[PDB]
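Here's a solo chain for you in structure tokens, the form solved without the named molecule.
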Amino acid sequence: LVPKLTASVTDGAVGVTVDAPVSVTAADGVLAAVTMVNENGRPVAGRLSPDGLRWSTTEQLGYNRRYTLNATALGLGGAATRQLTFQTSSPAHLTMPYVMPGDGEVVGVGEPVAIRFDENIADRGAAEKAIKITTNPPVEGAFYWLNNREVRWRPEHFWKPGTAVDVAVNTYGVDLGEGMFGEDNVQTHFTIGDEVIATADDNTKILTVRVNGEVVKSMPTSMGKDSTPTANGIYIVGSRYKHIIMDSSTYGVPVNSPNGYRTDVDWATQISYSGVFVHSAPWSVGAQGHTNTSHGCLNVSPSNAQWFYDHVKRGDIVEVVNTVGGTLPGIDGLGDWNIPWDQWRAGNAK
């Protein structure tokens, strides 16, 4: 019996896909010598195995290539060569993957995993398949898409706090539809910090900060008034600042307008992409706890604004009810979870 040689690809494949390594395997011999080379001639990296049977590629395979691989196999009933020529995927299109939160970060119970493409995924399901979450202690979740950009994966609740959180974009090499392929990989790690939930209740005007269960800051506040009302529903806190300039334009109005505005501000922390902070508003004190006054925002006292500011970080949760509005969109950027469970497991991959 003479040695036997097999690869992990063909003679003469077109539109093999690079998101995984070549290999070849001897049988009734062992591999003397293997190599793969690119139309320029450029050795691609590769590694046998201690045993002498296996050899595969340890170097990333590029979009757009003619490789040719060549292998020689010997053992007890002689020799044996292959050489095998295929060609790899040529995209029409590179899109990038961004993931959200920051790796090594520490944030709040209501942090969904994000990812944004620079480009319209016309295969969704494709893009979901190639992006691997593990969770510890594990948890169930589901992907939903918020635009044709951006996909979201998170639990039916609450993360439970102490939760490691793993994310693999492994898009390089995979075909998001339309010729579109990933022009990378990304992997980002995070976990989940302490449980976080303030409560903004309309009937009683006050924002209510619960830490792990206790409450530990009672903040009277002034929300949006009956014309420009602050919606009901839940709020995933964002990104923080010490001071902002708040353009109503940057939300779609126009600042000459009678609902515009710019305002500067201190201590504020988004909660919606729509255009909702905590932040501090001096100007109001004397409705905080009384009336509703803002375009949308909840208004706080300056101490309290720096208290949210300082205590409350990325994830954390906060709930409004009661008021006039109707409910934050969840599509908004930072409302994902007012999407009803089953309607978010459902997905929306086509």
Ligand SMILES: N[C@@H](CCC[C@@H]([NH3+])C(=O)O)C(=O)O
Given for the second form:
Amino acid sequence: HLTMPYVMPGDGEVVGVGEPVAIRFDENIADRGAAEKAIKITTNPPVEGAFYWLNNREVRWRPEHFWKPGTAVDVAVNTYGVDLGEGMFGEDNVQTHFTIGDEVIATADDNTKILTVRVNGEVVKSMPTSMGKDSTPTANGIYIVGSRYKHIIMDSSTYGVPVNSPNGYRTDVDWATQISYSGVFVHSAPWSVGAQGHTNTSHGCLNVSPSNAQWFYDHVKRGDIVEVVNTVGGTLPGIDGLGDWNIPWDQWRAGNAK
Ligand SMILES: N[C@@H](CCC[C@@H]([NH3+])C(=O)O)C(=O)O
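Having seen the form solved without the named molecule, can you show the form solved in complex with the named molecule?
Following is the full complex, with the preceding chain placed first.
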């Protein structure tokens, strides 16, 4: 009958300007209002934010706009002695302190097929890219940078698409930076270097050159932003896991505690 909370980012991490506070619980939360009341967030410099639930075990908190660089954030999840709904009580209290780094926003514009990385507003890299072809397009919107892998296999069956089917794949890639839980990454794609900057050929990922992918891996960090614009796709879902910023502020602020 006890629930354990887990908070991210990790204690002492430096994260980008898009990183939300995330609190996950190992059990479904019956009284979201009680959970929100138990979570205290302090920021310096102080900024307004609000809670929004991504599913039955995970709540997020962010400001209306991306964090200012240098912001220090303290999170206190005080669920000991708190009835989180239906007599499920917090197993413990949990705290985290984190800081915001430089503002790094990389914009991939399907009109030019270039992914341009800006650091505190200045262009530092312009990479030709090949995004999702028209039958398997990359969604537009704001994506938060998640984990980074020097090598991994992306397998479409993770996402309910059989590897044997027309949009299926089981693909080894180097220098892969995850930007959605729906399976978009920026990664090395030596097989699409001809097409990069000209033609979209992927199932949704942002293919770039091996040197550009390794540069991205080396220089972009969790919470940095990639914004995709002008593709033939829809918009990344606000509840993706890394698509929080696609939910308009008025809806986020209003919340869904019920
Ligand atoms: N394999 C393609 C893109 C990955 C597919 C992914 N975005 C998805 O959500 O289906 C490529 O990298 O060339």
